[PDB]
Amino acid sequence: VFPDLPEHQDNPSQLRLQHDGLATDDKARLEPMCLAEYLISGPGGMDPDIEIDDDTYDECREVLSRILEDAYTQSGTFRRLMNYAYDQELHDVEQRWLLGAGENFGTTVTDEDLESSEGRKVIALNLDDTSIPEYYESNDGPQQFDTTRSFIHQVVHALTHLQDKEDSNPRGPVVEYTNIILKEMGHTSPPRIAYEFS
């Protein structure tokens, strides 16, 4: 059993606890500076014919690299997910993810999602923060998404291949992983208590 938060203690995510059984190596063994390269092969979107602007891909990749750097050094929970993902996939170069810079937040983890992406692994990010914001439910009321939480959320999708909807849990394993990590990073935003907004 690994660290958790008080907001998860009643009805913890079983799929997260199932995954904690697999990813047990919480030691820092990968170069924080190269986590972006281990994760991403190059630019790529959900639809293959649609090309990604080179300059946006560079803007997302650089901020991403810094978030992976901060997350890996401060959060033991994140290292376990990263380290395990390296043994299974990311050490192999052909099994890395495409970065859909500029496109809508999402990660191809479902058999349907891969059928929609021509069987291509994509993780779409954007910096539409500098518009209508997205909000999430907290014990302190709705809070706006910061790019740290948005990015981490989609990354946890990629490292774990888990989805947000979980039977009998209001958050799902990805949100809980995201919550655990951001707190270990010293992130102030309050935890997300439910996947769906009201």
Contents of the next structure:
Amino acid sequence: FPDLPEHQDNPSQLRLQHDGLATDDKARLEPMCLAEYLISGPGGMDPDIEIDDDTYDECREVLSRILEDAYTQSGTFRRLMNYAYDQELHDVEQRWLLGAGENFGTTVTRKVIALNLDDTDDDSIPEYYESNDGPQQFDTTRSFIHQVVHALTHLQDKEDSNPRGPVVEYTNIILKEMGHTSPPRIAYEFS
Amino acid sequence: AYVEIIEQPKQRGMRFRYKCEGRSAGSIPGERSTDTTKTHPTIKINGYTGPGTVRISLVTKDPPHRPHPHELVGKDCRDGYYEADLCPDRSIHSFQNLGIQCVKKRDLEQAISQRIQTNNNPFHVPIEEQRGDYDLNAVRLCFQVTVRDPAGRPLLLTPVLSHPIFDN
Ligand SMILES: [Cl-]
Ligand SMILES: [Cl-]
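Could you please show the structure of the form solved in complex with the partner chain, as a counterpart to the form solved without the partner chain just displayed?
Let us now look at the entire complex, which starts with that chain.
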């Protein structure tokens, strides 16, 4: 499977074995239905707290575009999505809650995917990741794909003896396959 | 000697996080942060140089500053507070890995009891005080610096509280 030069020297060992299971890179799902396949309805990390119906539509619209682009452009992403569809997403009652407007996150260890559009918001300070070209700002595409990759693989960023982990490496590869210009993320935490 | 906050945490723009897999371990930005140069909360120790400890904990916005049910998380954090050795050869200290993790409303009493069990109570607020409503949208950073007296015995300096940090 395609990989990056920034990985192949000490590549993630957890991604490489999830690849052993996600092998169908074919474009057999319809891109404009991926959002419905992934998201059931609004719902935040906290049951008691509730999501704004308006921000839900805003975030879902953006999420749908990114899912569509990633599936049409990235064979690596088609593998994760296809596999996930066969296991759970085909079931209307196995889908994720979209915690729109909440801090980026997804429940891995009730299933929630928390996304927001603050990456485009002046009033927030950018958050950064480490690359060979110096610190890079997180953008919507990377943040959305990173959280979605969590939800399609059920994997964590914590990998013993790998500075990136499986989700970062997947995200790096998918974004490059999408024509995303951002430098790949060489480490999960700074140093 | 006394502690001085020379870079306050930024009050707004950063959401408290939950227990989940995120994109990164966030760092509370400093008040002077921009899209060009992000900053981090920073303190200065006046009148003392040498080894020491600093603990950072969360307390309520209004006095009496009870220990907040939320947690600080990130490098060198445990049981909801940050604690690490001071660089012994500097008087300026920045904290670039601070994160705020909010407790679910249903686990509030559980968090408060952990604050008590772990002796995380900067202003020694009585137990009978630590019930009632908490503002889960706002917290203050409490910097508790321990330096040394001339004989090398630990000497706790007066705590200093930051501006409030809001979730929205
Ligand atoms: Cl950052
Ligand atoms: Cl990433």
